[PDB]
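Next up: just one chain, as structure tokens, the form deposited in one PDB entry.
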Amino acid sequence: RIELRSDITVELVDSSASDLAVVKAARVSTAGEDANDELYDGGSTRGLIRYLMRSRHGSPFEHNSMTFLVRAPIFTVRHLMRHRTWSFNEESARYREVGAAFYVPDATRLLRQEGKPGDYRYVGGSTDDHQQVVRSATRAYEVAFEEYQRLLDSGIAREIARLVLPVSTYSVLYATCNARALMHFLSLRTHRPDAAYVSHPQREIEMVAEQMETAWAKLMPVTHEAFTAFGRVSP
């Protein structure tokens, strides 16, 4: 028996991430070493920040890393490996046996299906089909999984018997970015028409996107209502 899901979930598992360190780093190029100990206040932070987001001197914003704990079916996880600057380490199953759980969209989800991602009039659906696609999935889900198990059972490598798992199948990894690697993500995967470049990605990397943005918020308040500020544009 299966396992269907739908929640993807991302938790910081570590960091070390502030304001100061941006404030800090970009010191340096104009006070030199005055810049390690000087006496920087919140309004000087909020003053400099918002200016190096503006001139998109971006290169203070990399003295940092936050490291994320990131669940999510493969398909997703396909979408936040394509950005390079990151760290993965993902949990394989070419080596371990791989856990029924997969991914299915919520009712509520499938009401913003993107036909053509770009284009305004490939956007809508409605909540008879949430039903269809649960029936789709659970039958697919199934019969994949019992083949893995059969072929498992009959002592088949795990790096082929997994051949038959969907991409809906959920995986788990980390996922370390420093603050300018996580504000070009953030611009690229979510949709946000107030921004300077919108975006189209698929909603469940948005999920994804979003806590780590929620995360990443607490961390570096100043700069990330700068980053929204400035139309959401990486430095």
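Here, rigid core means the biggest group of C-alpha atoms that superpose within 1.5 Å across both forms. Positions refer to the first chain, counted from 1. What changes on going to the form deposited in another entry:
In a core superposition between the two forms, the Cα of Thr127 is the only one among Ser92, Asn89, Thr127, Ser136 shifting by 2 Å or more.
With the core held fixed between the two forms, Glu114 has its Cα displaced by at least 2 Å.
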Contents of the next structure:
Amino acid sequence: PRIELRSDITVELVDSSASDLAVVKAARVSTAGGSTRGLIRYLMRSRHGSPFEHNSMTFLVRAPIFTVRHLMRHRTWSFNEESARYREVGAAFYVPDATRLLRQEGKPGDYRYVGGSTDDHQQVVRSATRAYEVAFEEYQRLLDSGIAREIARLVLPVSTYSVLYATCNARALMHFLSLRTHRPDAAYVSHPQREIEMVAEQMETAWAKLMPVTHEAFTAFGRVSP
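Switch over from the form deposited in one PDB entry to the form deposited in another entry, please.
Left out here are the partners and the other molecules; the chain alone remains.
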């Protein structure tokens, strides 16, 4: 076992200060000392999204670099990621599991995917294994020779696992979920890559425990952020 292949993307809530009541208090500018549902839906209907920002959630995310790229495009979040300049990188790499769709149909612009055969999945695993094993063998060879970490890592693939903290408020999370989940009955159907979708679904599940009224209204109003 020269390297570790994994197919999992992990998201854990580290900390938070978020509830449906926090929205109602901000919207009302509440002083020290069905109505929650009605208020939260009123804000979604009127696109008064600002009260949904007065909260926070922090997630620990472990995902391949190509997926962390998609996550880090959302400029309303805060991130802090482990550095390959700073620390040697572990030989853990992502490959898609047996249920991941492997084939494409239609125009490139459609991001429409379809199932692959059992030999498609085998070919992906064979090809990834060879490429990742060679990449990590050369990375460690360079490190052993005394080459700086920030240069040695040039040979590592975008499937290399990384880990980070990602913090959002609920408004930023709903904008992220609108773009990074593919829901055919949403107001807008987005076509994100499956891997960042896996992140987003786990974030949504965690959020729905903290803010179940807002989570329900968000889907009811077409999964767009107010």
